[PDB]
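A single protein chain has been removed from this complex, and every other one stays in its place.
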């Protein structure tokens, strides 16, 4: 599909660029000595300031499918999000919040999704005092080297599972996948109750082996 | 129980300290102008350099139950981990990796758990271009204010579940929690296959409402 | 009257503090080194971060009548205005833009008045190549030491000039105050044409001697 | 006429260059990595230090019609002004004062007009507490985007206004421009009193529509 | 007589302070960690910034008889000189030039004497390649511990020498001093030719033993 | 004749390099960005550290007729003088002392002549309080633009002036030059008494017009 | 045999290279402007950071026979040691401790020998207060310039000394070398007592003339 713009260069954007091999990535960063490390990683570099609307227009924010924003501080992130929203009002913005109090301002400033790494890291370090399985789970289902994968499966138009409850479904027994949550629109219901009924076009979040994902996609086919 | 010693001060340790109200926390940091925000957060401050062994022993590393190491770089994190392993060989160390490739260095140095925030953040960025339910799941099951809580329930000795396989157990149909992982020792097996057999002392990693957690704890009793 | 909050300390906020002798001023800046010069200037210093919503609540932004924002860059200025609107949505915010591009972004973020000094100075330089009377007008009518003063005189409800046009009124002939503009709400009509009619509740932006202003105030009375 | 030399590159001299499109301008700056921004604005770059008299004469200060000085500090602005006054004692120098107390020293150094933005911006931020009509008047009549423009007209020799007082002339009543000041040489009388007689050579500073300005040039002709 | 004010502290003003024991010296410098060595040297310290006109008046510039200006750079030396000329127009200023080409800027700014150490020492080096008697002459007649002393003797009114030419005077044969220069006003004429005629008020610059100086003043008395 | 080495680059050596035009000069300095300003001034640049005995050997200290030493601090100057004296024990060393106490150590370390600018400039500023003719005399006879020059004339073998006293000589009357001092070997006698007798091979230090020096050299010829 | 990798460039590793002329050595250093000094010493330069495991394997650490680590701090030395222990767990690592308390942490990180110069130099400066014979012994037997050299000899299989005690052997009485220590594997017995029996494989550490060393190799032969 279309290209992806990454505003700023840090460690989070480096791992995002490592997992975005194959698609087209434009990196818009300020320093000129990052050109070798961006161009080595398989993405074109655009020298400029990410808060200026002209340099955002240079790096082709308009036709992109999502713009990933991570600058050095949090105020520059809010500035770049406002600049992107003056350019385009439909492009997807993914931001990085450095402090916990700024997530509401980063959502009201226009970002579609705010990822706070330090709050995740703090809660994982607070939860690894007694026994450390939560951090192992979160760091293994997001790694593209394990046997289990956390994927989204979509409900097609006119599937076999339209309107039937999840207690009458038993997706885990016949497909072998773990259903951790269902998604409709911009809301997510983790561990749905027995009375939840599926709709057409839903997004089901599941963890399972790849052949179990194939049995799931063959199970909810039309 | 005993106390928790935090070496180094960053936003990760701040968000860890917000979740650790109710225990006794000794914070050890090189800067003295962070003393007011540590003492405001219900934690004790110890001035010193965490890389040095004497300034570590100022902050009671021996009688601690877990030490949380997040310093300014990765070299200081490795040096502080080795300084702690010089003091007590068996204390639990939870590190934090600033880059990706130093996770193996931090596990060779002596840390029992390496939590890399930037890798989780980058993979949650790259898995949120199309649809971002995964970021919502990861950031919502950790916060201890929502309706669903991910906990660890151990299998006690003399249970009704020892030797019984997971497909014979049917814990999701009875208790209401979702068995997303079984851990025994330091190994975590996500999505256990149906031929897996439980034992006494294994840890069940599940997500569920607190009523379902009480029902699960009443389900595995003797 | 109520107090005035000044966020950030720089050369613009210093010269505003001289013209605000007589009221109570809280100065909210990050560096401790400016505590001496503010307290000699007659304002209670509050050590805090102006971008933080907690430290803004210390400085009594809620009961204040105006908040003057001038921070070290325009990204931190936009961050501070969003923090104020998170606290109070009806307070008056006077900002300062550093570059020309950010004036539209600063007003959509919530500022009622954007006073950009580098646009005023950059256009007074290029209009002073030939002969400098534009800069001699602006820099003399604002200082409270010249013979003339540019003041704002309101029209009370029930005035003698309610509904009469500006040609039949003849303000400069009967009083001597030069009428350079009339304002209604958030609009200013520079050099109003002779078909414009007055209304009760209007403001008169005029230049004149103080005795001429006293001749204007009793003239527009009921 | 001749060219215009700009000593130093800052945000004030950047927006002096937008109003100086069409003329020939040399920018004398120390930093080498501003060379792209000067050339994109339509101005030649001369690399050198503006305080050195050799590097001034590289940028052709002898034949210029005005030199615009805005350096990083008030010390280097005064040092650069005396470097120009060693070259040519007849050229016109426009300088920018950072602080208020260095205005009178920049005039003794030889500058013909000192434009201090932080005293203008500081006085506009204090007059915009109650109602922001002063800052709207300044930032509109200088911008060449709105209708009314503040222009200067001279009185030529043998004019119809030569020897006439301002109460008999009634310039606003016939032409339609607002005469806010009339200046002889290097003085300016804002709101001229009724006993002021016009003389040949005085500069009338007026505000009006461009149709009203052309009527003023025909009203004062020979 | 009156006091001497020294602005700025360097190695030049330290050796000036050793030769000025017996008068009252007010040292004005920006650093406070030089307070011990000034008060040890028999001089009073005033903390402040010498470039500011208010912090000059702490150090009593008006009633002084000479101000000695040696700051950290050459731009600071000019901006301090112009502050003194704003305070008192007729006080004597002895500057010090760090470079060669800024000697003319310091005389335009208002200094009555520019003493460049790096030009004197830079010309004493290249004149000491072959034989260094010229470096020995300059450094020994200034030191007030040797046997020969270079002094200035003024010609009083009503002398026996007024109108008498130098070749008729024969001062070297009678007094023993060497008339190496005659100064009247601000001009110094080194090696006066034989047709030169003295006047009352002229200054005789001569070198001689302390016995020969007392004979010279008795030679030119009434 | 042979070449001259200048160890170090500062303001003193630049004024030494302006008067060494025509002769061969090697400059040995540490920074690589001074290569433009030395090669523009007419001398070859040798990149290296002046304290290393190898880098002194690169700049050809051995065959030079004098080596001029001026480094950044006084401690490096004693190091560079000791480094030269291990190489050659007959080459002429001219140093620059930054402080007054270091002059005695710089002579015992091996420099033939120590030039202290801050003691010269210190004693000129203390002597320019009353009247400034001492500083005007030193800065004109060392400048190669005046009418009078301070030169060194040698006594040839078998001159007319051999053995005769200076009272019987009357050099000032018949040659027109001012005799300020005589030099034999490494000693200098400023203002010799009447009983001083000339020897062959002396260096006489005199100030006079250029034709007055030619009358001097013709007078003391053989 | 194989090559030798040197991680980092300092004055210790500079003088490791003078003793390693003739072998093949790679120097891994971050700074680019040391490349000429490495190449002039007879060593290949590999540009890169020694803490990164990629930039180590560029410098061929897999096949080396020893790696010498001396980085700017003790933190980066421990981080670089664990970078080598991730590559090859069998290579020999020689490291330098800056401080004394970081010796035991460099041994836990994996270094086979920690050479701390500041503890050796600190103990020689305390033993040279009374008489400086300790510091003369160390700095002579290591230098390959004097006559006596401290070399190591192994005891091969089936030797004449195999099974003999040190009082019966009388090595100094027959060969002439001074046996100061004999070491088995990774231990060393300085001044071995009389009941020490030699075994096959022990390393005899002795001091003697090169004629005496060859007599020792014949005395212990098979």
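Should a chain be cited, it is by its letter among A, B, C, D, E, F and G, assigned in written order, with residues numbered from 1 in that chain.
Going forward, contacts are C-beta pairs under 8 Å (C-beta built on N, C-alpha and C of every residue); 3 or more make two chains touch, one makes a residue touch a chain.
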Out of G:58, G:62, G:99 or G:217, which is the one that touches the chain we can't see? G:99
Where the complex has a chain not shown, which of G:58, G:62, G:123 or G:160 is the residue touching it? G:123
Residue of G:34, G:87, G:108 or G:115 in touch with the missing chain, whole complex considered: G:115
Per the touch rule stated above, chain F touches the missing chain via residues 51-54, 73-76, 78-79, 82-83, 86, 101, 104-105, 108-109
List the residues of chain G that touch the chain left out of this view. 4, 10-16, 18-20, 65-66, 68, 70, 92, 94, 96, 98-100, 112-113, 115-143, 146, 148, 150, 152, 172, 177-181, 183, 188, 190-191, 194, 203, 205, 207-209
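Simple rule for what comes next: only the chains that are shown with their structure count from here on.
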Matching interface for A-C, options A-B, E-F or D-E, criterion over half of contact pairs identical, gives D-E
Quick one: report the Å distance separating chain A from chain G, using the average Cα coordinate of each chain. 53
